[PDB]
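Engineer: Listed here are the chains, written in short residue letters.
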Amino acid sequence: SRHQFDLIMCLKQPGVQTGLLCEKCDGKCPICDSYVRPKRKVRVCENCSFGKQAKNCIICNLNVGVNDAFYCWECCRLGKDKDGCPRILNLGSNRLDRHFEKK
Amino acid sequence: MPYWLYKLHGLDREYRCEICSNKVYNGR
Amino acid sequence: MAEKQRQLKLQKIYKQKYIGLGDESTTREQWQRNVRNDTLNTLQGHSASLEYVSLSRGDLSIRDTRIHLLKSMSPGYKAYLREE
Amino acid sequence: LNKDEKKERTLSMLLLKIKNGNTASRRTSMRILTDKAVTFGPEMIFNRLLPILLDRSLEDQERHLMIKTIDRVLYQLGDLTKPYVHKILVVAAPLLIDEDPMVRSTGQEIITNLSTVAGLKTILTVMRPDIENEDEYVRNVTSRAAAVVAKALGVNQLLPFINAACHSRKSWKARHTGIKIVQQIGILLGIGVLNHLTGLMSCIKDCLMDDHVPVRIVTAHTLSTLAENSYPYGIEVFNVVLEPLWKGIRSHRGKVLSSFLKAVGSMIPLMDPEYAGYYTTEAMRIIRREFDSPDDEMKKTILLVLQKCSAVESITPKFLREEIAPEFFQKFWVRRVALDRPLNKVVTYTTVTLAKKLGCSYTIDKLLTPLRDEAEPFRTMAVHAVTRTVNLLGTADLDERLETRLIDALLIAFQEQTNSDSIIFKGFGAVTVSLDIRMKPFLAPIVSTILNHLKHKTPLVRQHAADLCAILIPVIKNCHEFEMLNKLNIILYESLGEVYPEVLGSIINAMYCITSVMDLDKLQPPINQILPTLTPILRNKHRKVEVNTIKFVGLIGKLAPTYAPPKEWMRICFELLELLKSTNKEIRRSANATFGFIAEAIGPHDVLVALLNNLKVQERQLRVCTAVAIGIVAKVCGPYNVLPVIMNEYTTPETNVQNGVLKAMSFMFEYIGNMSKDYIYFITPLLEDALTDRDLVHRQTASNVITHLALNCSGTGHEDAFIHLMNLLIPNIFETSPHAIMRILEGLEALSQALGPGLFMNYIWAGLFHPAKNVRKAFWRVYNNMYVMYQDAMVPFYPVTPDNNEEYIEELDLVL
Amino acid sequence: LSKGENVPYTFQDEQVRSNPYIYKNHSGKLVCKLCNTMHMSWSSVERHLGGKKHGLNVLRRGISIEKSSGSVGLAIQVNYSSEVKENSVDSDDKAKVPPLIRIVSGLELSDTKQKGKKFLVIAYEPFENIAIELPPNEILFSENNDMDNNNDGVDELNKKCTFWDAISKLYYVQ
RNA sequence: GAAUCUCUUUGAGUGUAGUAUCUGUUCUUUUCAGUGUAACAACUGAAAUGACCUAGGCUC
Ligand SMILES: [Zn+2]
Ligand SMILES: [Zn+2]
Ligand SMILES: [Zn+2]
Ligand SMILES: [Zn+2]
Ligand SMILES: [Zn+2]
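Going line by line, the protein sequences match chains 5, u, 6, 1 and v. Just so we're aligned, residue 2 is where the first sequence starts under the authors' numbering, counting upward by one. Just so we're aligned, residue 407 is where the second sequence starts under the authors' numbering, counting upward by one. Just so we're aligned, residue 1 is where the third sequence starts under the authors' numbering, counting upward by one. Just so we're aligned, residue 156 is where the fourth sequence starts under the authors' numbering, counting upward by one. In case it helps, the authors' numbering puts the fifth sequence at residues 34 to 47, 51 to 105, 149 to 253.
Take the hints with a grain of salt, since some may be wrong.
[Unchecked claim] Each computed DSS-like pair below joins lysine-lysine, with the alpha-carbon atoms no more than 27 Å apart:
#, chain 1, residue 1, chain 2, residue 2
1, 6, 78, 5, 83
2, u, 413, v, 88
3, 1, 521, 1, 595
4, 5, 40, 6, 4
5, 5, 83, 5, 13
6, 1, 473, 1, 511
7, 5, 104, 1, 174
8, 1, 932, 6, 12
9, 5, 56, 1, 740
10, 1, 642, 1, 706
11, 1, 706, 1, 722
12, 1, 325, 1, 276
13, 1, 473, 1, 486
14, 1, 473, 1, 410
15, 5, 104, 1, 740
16, 1, 521, 6, 9
17, v, 164, v, 89
18, 5, 40, 1, 740
19, 5, 81, 1, 932
20, 1, 699, 5, 25
21, 1, 521, 1, 473
22, 5, 25, 1, 736
23, 5, 25, 1, 740
24, 1, 500, 5, 56
25, 1, 706, 1, 696
26, 1, 410, 6, 4
27, 1, 713, 1, 699
28, 5, 81, 6, 9
29, 1, 632, 1, 722
30, 1, 276, 1, 161
31, v, 239, v, 173
32, 1, 610, 5, 25
33, 6, 15, 5, 81
34, 6, 9, 1, 932
35, 1, 521, 1, 610
36, 5, 83, 6, 9
37, 1, 677, 1, 612
38, 1, 328, 1, 402
39, 5, 42, 6, 9
It should be emphasised that the hints constitute simulated quantities derived from the structure, not laboratory data.
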């Protein structure tokens with residue numbers, strides 16, 4: 002993602018199916034994390050859909066997704082829209098260190 | 407006396423120029 | 001640390017998708033080849049710049065100029081013209 | 156010695172600090188390891204580090220800290236000897252089986268990194284003696300480990316290994332686990348099995364025929380995982396294995412017949428319509444014969460085959476209602492089912508998938524008797540089924556009678572509930588939303604129950620009472636009773652002073668749903684009296700109370716600005732500006748969203764002074780959120796009001812006020828998309844001083860302004876200010892730190908579209924090669940980003956002449 | 034920590053400072069204009085002044101400064160205080176030094192407006208300087224009055240023609 | 001709720017990545033070869049002593 006470096010996106014050929022965001026990540030561009038002015042729907046590759054993993058949010062990939070995810074207008078102007086499948090794979094160091102910090 | 411100073415700044419390094427009397431210059 | 005290590009990875013990916021991307025040290029030949037491919041693709045792609053090249057070279061058919069441009073992207077195409 | 160024994164001391168002190176140490180201590184020692192990892196011997200790093208992870212005294216907290224160090228070292232050193240490979244697999248391998256998926260993933264990143272580090276040849280040499288092990292646990296582990304390696308390096312490179320283990324006549328356990336590897340490979344790759352499935356199939360088929368049963372079962376599960384993960388495509392391959400499944404089903408019975416019916420059942424939906432009808436009808440007989448099986452496994456498989464076969468077009472819904480359905484509901488809805496969850500999920504989901512073929516009124520018809528049963532946890536499951544079924548099929552099928560009995564049972568089972576669950580709310584709500592106009596004659600008692608439940612002494616029943624109102628308010632409008640809206644709203648506004656926050660938030664949410672729906676003037680309390688009773692609630696702390704209160708106040712800000720006097724609005728602003736210290740996000744986002752509503756309500760200049768007074772605070776959350784607030788105010792009330800005040804505020808000598816000014820300007824630029832053009836011209840002398848200033852934060856943050864400004868101001872025709880801005884930026888290319896450099900690069904990329912590709916390139920081509928290995932390393936990055944944004948857009952702009960490069964292009968010099 | 038002293042901003046265009057170096061730039065942070073150092077807190081500043089590099093810069097500034105930078152006559156009778164204020168200062172600090180006179184050209188003045196004549200300036204430590212215009216190119220400029228005795232004091236002018244009645248505090252000059 | 005009396009006032013959170021900036025301590029001589037650097041630098045291994053003359057040596 003933008004703010005967290007250890008995350009690794011997918012970047013494959015986007016399929017025909019739209020990604021989904023959890024209520025918590027709702028209304029955010031998967032690239033720059035901008036809450037404002039959405040533009041288009043995201044699209045994810047086959048290997049990012051398949052089973053239950055398709056229902057998860059495409060940013061945090063933990064909670065279940067509900068709303069379709071949108072690219073903000075700027076990321077569509079820059080063209081970072083069409084790079085590929087913008088699905089985060091690994092969970093990152095922050096979330097894990099939170100989980101084990103609490104218990 | 408400022409030992410490290412000339413090595414930083416590049417001075418006290420022997421150098422030569424052919425066109426003026428093959429003159430020597432101590433810094434770049 | 002980890003950020004740069006992502007930079008290398010996205011470098012490897014974009015260099016795969018978009019073909020030529022200079023990294024740090026790229027030979028003049030390696031880069032000039034990319035320039036050649038881009039230029040030829042522009043000449044063939046737009047029907048405008050294809051009309052212009054076709055009429056200027058006076059070839060008998062558009063497709064001859066287009067295939068000439070495609071063939072020109074391979075290095076051995078020069079020598080191939082010389083053996084005719 | 157004594158010099159290098161000091162190193163032996165440094166690694167011990169570090170590792171100690173990471174495992175047991177202060178936060179700021181371990182945080183720096185991690186950096187020291189990552190930067191110094193190359194100069195310490197990996198023999199010493201792993202030789203010292205690994206013995207810690209073996210003891211039993213380590214907590215999960217202290218274990219993950221060591222794991223992270225292992226990962227950071229492995230990803231760096233890049234080359235490792237085989238003994239340490241085996242050791243790291245001994246430590247990391249057990250993680251894939253751990254109870255929670257977090258440890259699974261972090262133990263998976265290890266093996267997927269080591270697979271690249273240690274290479275293909277070494278790990279396979281490590282696994283070969285391990286698969287033959289007599290132990291069950293080790294084999295279970297390195298099945299999963301082997302699959303992780305398989306996905307990591309690609310499956311084809313590791314495939315003949317699997318073929319060797321599977322087809323090995325030497326050892327039996329080698330065949331067993333060699334087959335399990337196909338399981339977890341099928342799981343990890345997901346749909347991506349596909350093309351590899353043929354090669355994988357070389358293993359399974361013959362490995363299915365072993366005389367030993369526990370291998371015959373494992374192959375049967377592999378066929379199920381491959382069959383489901385594939386989906387319709389994989390049929391053409393499984394035809395070879397399709398025959399022996401039938402000679403296995405008709406005989407072996409016991410626990411094996413369960414596995415083979417799982418396999419064939421998972422093979423059904425990918426079969427052609429011709430065969431599907433046959434194989435289904437063959438399976439249904441065995442299904443009916445096996446209804447009475449006490450084994451959990453066999454019931455689980457039966458629910459799978461019924462689960463899949465409903466999708467088959469061959470069987471008619473009449474065939475299901477006449478025969479299979481009544482035998483289903485009576486057997487699998489026994490109250491003993493409702494006690495164990497994993498089988499509950501399968502029974503409910505099976506009923507839901509049968510609801511498609513079956514009539515909605517028929518499925519719901521059979522589901523009313525479990526609703527009216529006395530058992531509570533059984534009524535809950537009976538609710539789940541109705542919820543999901545109604546969600547799929549809608550209520551259009553229901554006759555008035557079932558429509559009455561359903562809602563009756565939902566009221567009853569609603570009022571005795573114990574555990575906190577939304578399944579009633581959604582479900583009892585999913586009913587309402589669907590049939591809402593048809594709901595009217597039932598609405599009077601329902602509300603009464605709520606009005607009783609609000610007075611109940613238990614906090615949960617009060618939560619659940621208030622929550623169900625918020626769902627009914629839209630359908631209550633559709634049922635047109637406004638007097639009930641007012642009576643509710645009054646009773647809630649009276650109950651609004653409750654002690655328990657968790658209930659109070661829900662109460663305020665119901666208030667919200669009432670206020671948004673109903674006519675503003677007809678509200679009884681009314682709003683003008685409502686809000687001054689809300690302002691003390693914002694200090695209730697907790698969260699949900701704050702969230703719901705803020706969203707409600709914002710609803711008033713949209714709908715009813717003119718009621719509360721502007722001084723009271725200023726009290727609101729002073730409470731929110733204090734309130735956004737909250738740790739939660741949505742609290743802050745909602746607060747910032749409300750400043751637009753208030754600034755629209757009363758005025759910009761009374762809010763702006765209050766906000767700018769808050770940028771002098773040290774904490775970062777406060778400054779950033781006030782920056783976003785200034786951005787939203789500038790959007791809603793217009794930039795020409797906020798811009799001169801902010802530009803005046805930037806004159807203050809304090810650092811944090813200046814950075815806050817630049818950031819608020821970033822937000823107010825990305826919020827107004829097009830406008831942005833009239834306003835530049837003023838702010839370039841403001842960016843003039845920002846891009847010049849010494850510290851690296853101003854140069855960072857100001858470039859972020861240049862991104863949002865240049866992207867959506869491009870093509871407007873200014874372009875003489877963006878050349879200025881660029882001329883100020885270019886020298887910053889050499890700057891280090893991650894944050895400034897990414898913002899600067901984004902800035903140059905935005906300026907590329909304001910200036911154009913060529914006018915932007917004229918700066919870069921110079922040092923694009925260059926002697927210095929650094930200037931080169933810096934410019935090739937900007938040329939990379941420009942090349943990604945523009946390929947055929949830079950073609951006229953290359954610096955190439957016939958004598959500049961060997962070949963050039965002879966056709967660019969032609970003229971007609 | 035700051036000892037309550039106001040450290041002015043760099044741009045405020047100069051109340052005497054304690055150390056005439058540490059400022060606050062246009063931004064918030066603290067600066068040492070010699071060493072060109074940015075300090076976050078006043079403690080770090082006190083460590084800079086107590087540091088070795090600042091001393092080196094102070095000395096280098098010291099060297100940098102130390103390398104660059149039968150006729151008619153008139154008689155004046157200047158009177159001084161009557162033990163009114165000189166009762167608080169008696170620490171043999173140049174107290175033995177008598178008033179001094181010098182001839183100054185008006186070519187240099189704080190205002191630099193008009194000029195072209197000389198002044199017979201007379202100075203004493205506490206009291207304020209005094210001047211007397213001398214239009215005549217030369218008056219009483221004698222020729223070897225005494226018999227060439229060499230105690231230059233300050234100059235030929237002072238020894239040649241001045242008297243300091245220190246007991247009564249009366250300075251005569253002619 | 002109402003009635004009376006006295007006195008007073010007014011008129012220290014938290015975690016994940018990452019920068020920036022000060023202080024303290026060392027500067028081994030000298031040559032050659034390798035690494036490295038845009039050039040330096042830095043890193044790696046080997047060894048200058050005796051004599052003479054008016055800064056220098058076709059010096060031994
Ligand atoms: Zn993907
Ligand atoms: Zn999410
Ligand atoms: Zn975006
Ligand atoms: Zn010269
Ligand atoms: Zn200083």
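Engineer: Tell me the numbers of any earlier hints that the structure contravenes, in ascending order.
Structural biologist: Hints 1, 4, 14, 16, 17, 26, 29, 30, 32, 35 and 37 contradicted; others consistent.
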